[PDB]
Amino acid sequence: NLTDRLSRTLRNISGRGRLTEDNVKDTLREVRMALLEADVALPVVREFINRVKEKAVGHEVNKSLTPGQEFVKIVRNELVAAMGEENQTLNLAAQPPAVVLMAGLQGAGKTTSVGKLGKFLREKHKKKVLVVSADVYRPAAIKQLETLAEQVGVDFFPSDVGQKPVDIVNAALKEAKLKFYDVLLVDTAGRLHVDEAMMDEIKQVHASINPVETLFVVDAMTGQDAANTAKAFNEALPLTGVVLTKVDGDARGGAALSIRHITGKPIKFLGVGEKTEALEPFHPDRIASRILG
């Protein structure tokens, strides 16, 4: 769709003169449409479009063969630039234990992600990992973590729904320090940005353990609402990274741009299946090409 639309606009408005702003009109609107069908939150689309405009004014285009292709090269380059860098990592070099706190909406894939991180950290970074759940809300959430933990060969710090999350994480941190653990993974209950008490809770948890990483976990099929959540979470916690889950689906994944934009935080992981081996590093170009199709 992309190459052919851009080629259409570019042959039909301008002939064989260099690209100038008045050629760009149809191109911009259509790119906007593509990004909207791709679930990119609107404001982000405008802001990306402006940069595209700027690259459109001084175009060195009349010289290449296909106008669509060169303009595409520029959109692609811009997007790959927007997405961040490769080899983006969790800070494991500081003082142990490295505390990692998960945060995000309900059913986003946080617990599953904690299991995946346990596997990764023990197996590949030779880490001694403790995982804990502060989910005292969703039924069987703790047992879900405990199961995942037992499955990935990592230690589990017991908690129950009769306890309080701050108490739990304080206890967990205490155990991790005391037993010389390299990593503490902290799972929390899904929560909505409009839930004042639960946001207070997550802010307090973060305040209690001073985590070195705070990961914002986001379902890759998320539509416009991602503009809101991102903002709220970005403003509620110092985020150090983002996990985008369920990328093994066929959703275009535009939320990745939205989030990336509104928070300016790096996407460190892709969740790519339901199993615990299903974890991948983030490649800006691959996700970029996905969003553009």
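Here, rigid core means the biggest group of C-alpha atoms that superpose within 1.5 Å across both forms. Positions refer to the first chain, counted from 1. What changes on going to the form deposited in another entry:
- In the core-aligned comparison between the two forms, the C-alpha of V31 is the only one from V247, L239, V31, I267 that shifts by 2 Å or more.
- In the core-superposed comparison between the two forms, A141 has its Cα shifted by less than 2 Å.
- Here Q163 does not count as shifted, since its C-alpha moves by less than 2 Å between the two forms after the core is aligned.
- Once both forms are overlaid on the rigid core, the distance between the two CA positions of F71 between the two forms is 2 angstroms or more.
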The other form holds:
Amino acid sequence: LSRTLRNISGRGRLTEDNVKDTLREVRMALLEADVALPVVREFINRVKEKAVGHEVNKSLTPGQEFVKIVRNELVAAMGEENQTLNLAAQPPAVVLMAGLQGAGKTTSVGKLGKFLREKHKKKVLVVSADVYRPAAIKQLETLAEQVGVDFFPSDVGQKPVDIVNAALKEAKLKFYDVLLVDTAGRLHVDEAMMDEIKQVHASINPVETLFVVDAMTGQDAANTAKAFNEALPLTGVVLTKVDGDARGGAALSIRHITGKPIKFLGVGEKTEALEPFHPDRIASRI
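Now that you have shown the form deposited in one PDB entry, what about the form deposited in another entry?
Lone chain follows.
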């Protein structure tokens, strides 16, 4: 894939124009076909501009220089460096989970609770404002018991905004380092549901607003991301179901469309299947 052609120009000191055109065509084709990405035109142009600017042929290792340009533009396209959760402000840190139904929001709250307790030694509250989907509040409660985080009780009778305000009060009164807020989603982008997410965000003033999206959705993930970024000040993105996306380019798309970093990757169904996103790692893998 992107590996194979990039290997063929790993150590070729000639870099003839046909060799550049052939390498660029397959990277264009693999980005376009291997995944649902349509902004490849911008990536190829930047790689072409840098190659002319840095005079790759002048270098002792022109193919290595050309691949270095491709990797560096890939790392930049994916966010340059890992950005962590916004936990250096004043406790409690409020993290709002936003996204469509089926993206993986409830599972990700459990994943983040495990990650925050085991790695950052933090006290964590989880609350669910999903009074619309059936059994969802119990689903968070069960996940909280599995990951060792505390749960704030919620009921279908309550209205989402009231639930979040009450949990924030517990988080401040009991000195919780982190409050994780799970929210209801719809399966397509819905304005009414987008209006209620706005009121919940306004009430709790979240330090972190995380957009959870399914990589398997492909191009639709970027469109969903733009709509959420437009109506919410997204601080980060969580890409789920990576373990089941053979294509693998929802990542590059989202950072381009939103300008917001991917902070975490969901790589499975279990609570430990969370991995922090490192653009320089992932870029080297492919």
